[PDB]
Amino acid sequence: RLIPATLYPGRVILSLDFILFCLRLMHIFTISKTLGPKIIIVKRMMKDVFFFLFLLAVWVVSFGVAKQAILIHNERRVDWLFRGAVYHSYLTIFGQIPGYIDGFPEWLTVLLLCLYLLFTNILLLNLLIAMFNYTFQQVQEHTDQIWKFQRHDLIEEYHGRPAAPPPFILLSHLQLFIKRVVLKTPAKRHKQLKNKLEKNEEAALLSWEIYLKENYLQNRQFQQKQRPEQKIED
Amino acid sequence: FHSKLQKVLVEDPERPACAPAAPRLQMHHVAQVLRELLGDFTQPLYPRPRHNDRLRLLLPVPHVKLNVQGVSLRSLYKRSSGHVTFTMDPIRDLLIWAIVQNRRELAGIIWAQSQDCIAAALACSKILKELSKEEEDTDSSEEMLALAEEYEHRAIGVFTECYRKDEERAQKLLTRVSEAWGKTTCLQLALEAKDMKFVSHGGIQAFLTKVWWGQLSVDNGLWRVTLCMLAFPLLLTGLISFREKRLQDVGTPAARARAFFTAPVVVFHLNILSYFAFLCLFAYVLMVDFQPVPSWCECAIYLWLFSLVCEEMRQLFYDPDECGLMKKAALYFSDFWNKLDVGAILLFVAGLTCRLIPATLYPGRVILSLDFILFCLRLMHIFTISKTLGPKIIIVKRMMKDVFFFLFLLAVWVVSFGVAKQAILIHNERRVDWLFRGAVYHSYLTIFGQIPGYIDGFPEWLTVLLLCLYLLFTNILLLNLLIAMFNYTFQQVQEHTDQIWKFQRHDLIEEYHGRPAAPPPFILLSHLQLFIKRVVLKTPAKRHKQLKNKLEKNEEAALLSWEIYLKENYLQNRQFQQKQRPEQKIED
Amino acid sequence: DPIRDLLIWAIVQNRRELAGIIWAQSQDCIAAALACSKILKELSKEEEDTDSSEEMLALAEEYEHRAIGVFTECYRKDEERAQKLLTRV
Ligand SMILES: [Ca+2]
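Chain order of the listed sequences is B, S and X. Numbers 886 to 988, 1020 to 1150, taken from full-length UniProt numbering, label the letters of the first sequence in order. Numbers 532 to 988, 1020 to 1150, taken from full-length UniProt numbering, label the letters of the second sequence in order. End of the third sequence sits at 708 in full-length UniProt numbering; the numbers just go up one at a time, nothing left out.
Any given hint could turn out to be false.
To be verified - Calculated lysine-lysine pairs in the PhoX-like style (CA-CA distance at most 25 angstroms, straight line):
| id | chain 1 | residue 1 | chain 2 | residue 2 |
| --- | --- | --- | --- | --- |
| 1 | S | 932 | S | 918 |
| 2 | B | 932 | X | 664 |
| 3 | B | 928 | X | 660 |
What the hints assert, rightly or not - Covered by chain S, according to a simulated footprint, are these stretches of chain B (three or more residues, beta-carbon under 8 angstroms):
| id | region |
| --- | --- |
| 4 | 917-930 |
| 5 | 938-952 |
| 6 | 1023-1031 |
| 7 | 1050-1056 |
| 8 | 1139-1149 |
Hints were generated in silico from the structure; no laboratory data involved. Yeah, the Cβ is synthetic: ideal placement off N, Cα and C, and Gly gets one too.
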């Protein structure tokens, strides 16, 4: 975007770079309870899509040249040779058989229309259905609970942030980095909401939890005895 | 089985192969029908040929000296075979007689003193799985399905005992000839009985990861193994080390080279690269160098593909024994991926002649374009490598084997649209041969939503509706059948069909590690390493590709006594959890 | 702490019920049950190869279930002290 010789990739690369922020955008907007778990469904999808990229990138290539093997078209100049044989022939997977261009055994491509159409839908879009059949377990009942597990995992990451905005966080960096030159060793206000334990505070607590543990100790063996399978074992 | 033997007694009566007589029940008659109850095995425990020929012992034809009758060892002829005492193994034979009489628990007692600790349980699992499928028709065939899985589970706990203590001897245990069960190397039986829980048992997966390497062990990554493939001095850096180089035994660059050839993956990763480059230059010669004279690239496009015809031929040399020709080819034309390997060369017979005959140069480009798809089928069959990759290609086996009419169902359903849409109007983008083309090809290009805007660019409510009517049973009849055909492959998917991928994994790795490391342009030199070896020799006994284990008899007795000692060490353990079953105690 | 160390020596010898008896006098009422749940989940995944690794998957979920009923006891009575309980050093 700054070198004048490559200003076309100044718009092209940063357009692709916007997609990489869009990935984190979904990663940061997966907030609520109905929202959350299915972004993780498209983790185990998308971690498995990493070849379904290349499987697509294998499967597309055998179509557009083969369709233009019927005829090498004429919407074409010296550098639209390598473009028209490729880019017009491989824009066609949004159903976009290039009407831009034109606008003896002819039974073959009538069939070959469906032959590629078959294992688009069979090989890639039953694999839509098949890759769903890896994330098929404890879905409403317990993977929704796995959302609550990763929820506070992220909330401690994102409540553990200074409240200054990113244009005002360099001032908060200057609240800490030139604090290091008037101090020596890092002992400043670190972000933590922990609990410091007085030893007399512990003994009032931990004796009661152990007293609750013996209060639970009779209760855990009780339902072991209240198990009717124990009684027929008795 | 007894109804089979009386049929076998008239499948081999007096006339065809027992020329004096055979109306009465003999051992080889049971062995021949035990031979169909095995597959790729040898013939154990029940010796068949002229040294124990139990086929003709009913009418007087003379003894040992003339070899035409009997066993040629027992020097007395009294209408039997004498006291051929304990022919190979008595207890292994009682495993047969209980299961062919369907004696369930007593064969497990015969298992408790069976010398074959492991593969005999698969032998009680394999035929009983066939007898599940062959004939009981109800109430026992379903039961011996549930019995063979416990008989498989009998074989699992044997490997539990041997692998947890001195696994080095248990490493050999899956490679023995063992002189007992037609050697079968203990995996070729395990690959035949389909053994869905047995081959996915734990330390076996720890063991097949040691078959996965040799002198080329772990701490090598998938990204950095390809960097040492193309770059030969990069292998000599601080990157990938051998077991020799770990022990500092690489003192020769040829030893750094020749051990690199012997990998299960380096041969395979050359088939990743050098095979796929033939598919890419295929488009380059087709777009540009379509010239009917043999050019420098047209001479180059033959150097890879005819050698690939010889690769499956070289695989066909690795198929048979030293006696079989037509049956091993008959097994080759039964596998569906090997049925798809026909057309990839078949249209290259037709389309290349079209590429050379000037009168048919348009099919010289059309047929070979369709022939590229047939290599694409094998391309998916060869790139279905990794664990996340593998099982769903087999999902689109039971899809695609069921798609074989969904081709024609599509080929029924499309046809009723495009003529019917052009029944509204027969269009005008048309000449004398675009009549048959414009009424068909423009009207049947329309299933990529491609209602032909090329062409144009009283109850009109009907096709407004008929737009949706065809659209309905495209999505209803064919694309709920998308959902419906998924509902045949719906069982044990993440948990156990993924284990079925591990089952077919080493099935393929023994096929593809069992290859010479020469590339297909250099394999004709390796054919000349073998075929003009046949003219300086006489009989095939050269270096055959096999990683088996030869068993010294004193080596066996140190091993097999310990496995039997481990079997009695397991024998108390199997009955213990039967007693530790609480349902046994309320039965007590 | 001696009793917290006997929780290790039973599980690294795969002693199932005796560690639960060591749990019955374990001073760490809550996080020790997760400590018998965490490493036993690794030892499920690391190496037993059959018949116990699957069992200690089914044991760690009860060892997790051991830790659940501890929070059942503390939160239902004086949850204010149980509010601190998830923040102690
Ligand atoms: Ca093959």
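For this session: Check whether three or more residues of the region 1050-1056 of chain B sit with their beta carbon closer than 8 angstroms to a beta carbon of chain S.
Result: Three-residue rule met by the region 1050-1056 of chain B, so holds; n is 3.
Exercise. Three or more residues of the region 917-930 of chain B near chain S by CB distance under 8 angstroms?
Worked result: Three-residue rule not met by the region 917-930 of chain B, so violated; n is 0.
For this session: For the pair supplied as a hint, residue 932 of chain B and residue 664 of chain X, confirm whether the alpha-carbon distance does not exceed 25 angstroms.
Result: holds (21 angstroms)
For this session: Mind checking the alpha carbons of residue 928 of chain B and residue 660 of chain X for me, to see if they're no more than 25 angstroms apart?
Result: holds (23 angstroms)
Exercise. Are there at least three residues in the region 1139-1149 of chain B whose beta carbon sits under 8 angstroms from a beta carbon of chain S?
Worked result: With 3 residues in contact (Cβ-Cβ under 8 angstroms with chain S), the coverage given for the region 1139-1149 of chain B holds.
Exercise. Has the given pair, residue 932 of chain S with residue 918 of chain S, been kept, meaning a C-alpha gap of at most 25 angstroms?
Worked result: holds (22 angstroms)
Exercise. The region 938-952 of chain B covered by chain S? Criterion: 3 or more residues, Cβ-Cβ distance below 8 angstroms.
Worked result: Three-residue rule met by the region 938-952 of chain B, so holds; n is 4.
Exercise. Counting residues of the region 1023-1031 of chain B whose CB is closer than 8 angstroms to a CB in chain S, do you get three or more?
Worked result: With 9 residues closer than 8 angstroms to chain S, the region 1023-1031 of chain B meets the three-residue bar; holds.
Violated hint: 4 only; the structure is consistent with all others.
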